[PDB]
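Just the one chain here, laid out as structure tokens, in the form solved without resorcinol.
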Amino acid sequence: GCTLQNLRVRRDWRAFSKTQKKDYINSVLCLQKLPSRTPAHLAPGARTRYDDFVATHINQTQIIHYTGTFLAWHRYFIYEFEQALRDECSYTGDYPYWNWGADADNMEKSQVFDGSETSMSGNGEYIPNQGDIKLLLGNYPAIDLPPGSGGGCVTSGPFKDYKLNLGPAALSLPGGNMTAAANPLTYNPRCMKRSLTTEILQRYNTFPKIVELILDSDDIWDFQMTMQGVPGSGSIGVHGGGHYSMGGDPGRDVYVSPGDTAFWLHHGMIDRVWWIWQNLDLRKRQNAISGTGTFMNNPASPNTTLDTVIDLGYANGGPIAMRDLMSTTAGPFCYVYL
């Protein structure tokens, strides 16, 4: 199946040429023009194929974060997105990732976020005198985060005229309040907001943090909890840092986060870090799983196993077992990271 001949390579965004960057960006725009597949009565707010991906994430958020299926489900998700870009948008380039480490002293100068024509758009319109973001996970003390250097709609770049249609589902706001639609799958068109927060990166996504994550995680449990943020440490891990550092809407919504176009580059890096960690010890780590099928095991559910079946709903793909997802060179996958 996976052979040296049909091996694809996943590459840092900093390693894409100007022409390669736009090829990718244009593909994603093409996803935002194509009509949605999700049946209107299940997600009335859906319009585009991109919406289809956003909807499944909202629909499944409760069963795909702090579960045994978190890493694998996301690996599939971004895989089937890539497959959309290829099969429907005629993309023939490589899957990009966002190397957090390289932008942690100055996020506004990040090639992902410089706001130029080769970025995923940039900062939001500056809003002064904003309160702090307070994240409560469960019932531990809230983590305190700076509001960032934007806050309003994105000012420049290829996604300035991009309409976000679904959400908000649980959007953290400056000051600590939280916006939640009666149901986030209905039509609520608005612009993508961002408030770039370099400080957040300084705390959680520096190169020391990333290496620590890889080298000090003895078991999948330790790995995936350190990545997501062990509730009660005041860490939100690399995965939280990457999300909240984008600020804005839906940067700060756990459910609607794919609504931000940097999601895919963010999760490319998640997948890369995971893949790396796995490969330090394939015999024990290749197929390791820990956790249940529910967020923090609340309500309790069965332990996830290789036999556990997961899907992307109407976004793309079909039902697929976990044993088919454990390797980037097995099942439906045949790629590495450079």
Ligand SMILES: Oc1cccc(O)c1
The other form holds:
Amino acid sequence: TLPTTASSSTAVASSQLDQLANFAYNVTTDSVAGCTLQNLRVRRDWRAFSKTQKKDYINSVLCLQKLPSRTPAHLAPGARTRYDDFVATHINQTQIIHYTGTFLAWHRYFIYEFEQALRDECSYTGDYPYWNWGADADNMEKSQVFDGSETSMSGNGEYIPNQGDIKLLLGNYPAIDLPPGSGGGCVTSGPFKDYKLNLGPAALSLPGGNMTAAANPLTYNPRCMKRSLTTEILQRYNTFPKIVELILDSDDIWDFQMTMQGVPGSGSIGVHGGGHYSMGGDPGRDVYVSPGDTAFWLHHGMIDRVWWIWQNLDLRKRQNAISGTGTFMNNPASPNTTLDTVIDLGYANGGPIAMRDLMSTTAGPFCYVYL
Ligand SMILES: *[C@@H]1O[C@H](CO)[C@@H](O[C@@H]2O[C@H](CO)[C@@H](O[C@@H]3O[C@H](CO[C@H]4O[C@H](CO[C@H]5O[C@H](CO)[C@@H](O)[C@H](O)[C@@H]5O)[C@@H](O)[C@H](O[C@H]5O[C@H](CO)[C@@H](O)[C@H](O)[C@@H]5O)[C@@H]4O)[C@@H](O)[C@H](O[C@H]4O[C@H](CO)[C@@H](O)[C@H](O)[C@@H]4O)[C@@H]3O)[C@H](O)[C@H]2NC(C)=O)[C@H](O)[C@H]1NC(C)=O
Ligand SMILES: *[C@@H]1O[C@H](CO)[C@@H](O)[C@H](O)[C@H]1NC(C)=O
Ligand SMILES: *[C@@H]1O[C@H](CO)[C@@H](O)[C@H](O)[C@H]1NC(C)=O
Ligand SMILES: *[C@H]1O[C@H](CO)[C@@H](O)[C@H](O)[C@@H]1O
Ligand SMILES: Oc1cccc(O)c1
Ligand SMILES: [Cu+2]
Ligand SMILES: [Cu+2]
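Any chance you could show the form solved in complex with resorcinol after that form solved without resorcinol?
After this comes the whole thing, all chains and molecules, with the earlier chain placed first.
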């Protein structure tokens, strides 16, 4: 007897999520029992990682931020590292990978190939980590992902008093206004304290309402990563009731992906936008450059988990479900996304791949589950 309606207590909504996760696990292992049970990988909550396991993942990311970039210098003058290769492709394709029929599948392929770079070029042998927003929604500063310790993705940025609010515009919908959080400047501590963003900004929202952008966001612009942790954003968008509501109240792929990213004109930015903007800073508030924030990978692990749960609740109808076009909010208009639509990650990793081969975590190149 699966839940059918999200509960309003955090604690009960948390148990609903575990139960839906358990069901999705059962369905995926059954379809696997070449992806086999023996080589089925498990992705896990960052809280399940030991201190050594956390440090092994962080070290591999740091390795990727030193190894030289494969992107041709003339196509992206500012790229220096393999990590930059992933940021660059995301900047370059942002207009066709968000609010499109490809949004969920493209990002599944994106983070998988990031994982492959960690394993093949940086000797990583651990599990892929995800960030469970619901456990941190009441105090982001205490998240194991963001607490600033040697096992965080670094923490908060240096505090900047009396910051203006954040104003979010999209088309000519009424603006959405957010608090600026408790940071503002360069991250003060953690393993990514000396790490440099090399690309962007491309569309960086600033406290006060301004939006700054480099003339060419692919030219060299080394600078610190900035954060402004904003618990209030997670409290409104990323709580366990909000997570379960997205899963249970969405009956088709259109409503699922739209509620996740935020329905334009609803005043809500969804679990996707909520998780992004709660980091604040740079590139936390830049849609194009967001992979520059090292927590991007854990945030989209959770995005992919929530999609994988939703898929497995009715696999016959939801496994291959696609809706939307090839352009951001279909502006300008483009043909519908289908299973023959091909996507690629540029020079980041991998090669071109059709939507058909991306829809299941245990087919095509994929062989994993979430616990
Ligand atoms: C931002 O995003 C955009 C959009 O994605 C991106 O632009 C892409 O830009 C890259 C480079 O900047 C492009 O990659 C190059 O494409 C060259 C042209 O390739 C096409 O046409 C070839 C010619 O086809 C004709 O001639 C042949 C032979 O005479 C004939 O048989 C055909 O019928 C046709 O008439 C064709 O060969 C090629 O196809 C092969 O490869 C593609 C995958 O690339 C594959 O899908 C095909 O099935 C086929 O196997 C393709 O159709 C190409 O020459 C060039 O090659 C480089 O790499 C190869 C090794 O792979 C080297 O051998 C070669 O010498 C070159 O160094 C390269 O592939 C890409 O096509 C663009 N894509 C789009 C959609 O526009 C930007 O780069 C992004 N910006 C940033 C910063 O990331
Ligand atoms: C998962 O499968 C096990 C074994 O068949 C079963 O005992 C359990 O109740 C299932 N859980 C859910 C949530 O379906
Ligand atoms: C595009 O998809 C919608 C469903 O989302 C469908 O109603 C419409 O007919 C499709 N358009 C074309 C040209 O196939
Ligand atoms: C439990 O806590 C969440 C925040 O984590 C609230 O949104 C919920 O209403 C309940 O108080
Ligand atoms: O795709 C997105 C959406 C919202 C904020 C962000 O940094 C990225
Ligand atoms: Cu993206
Ligand atoms: Cu995202």
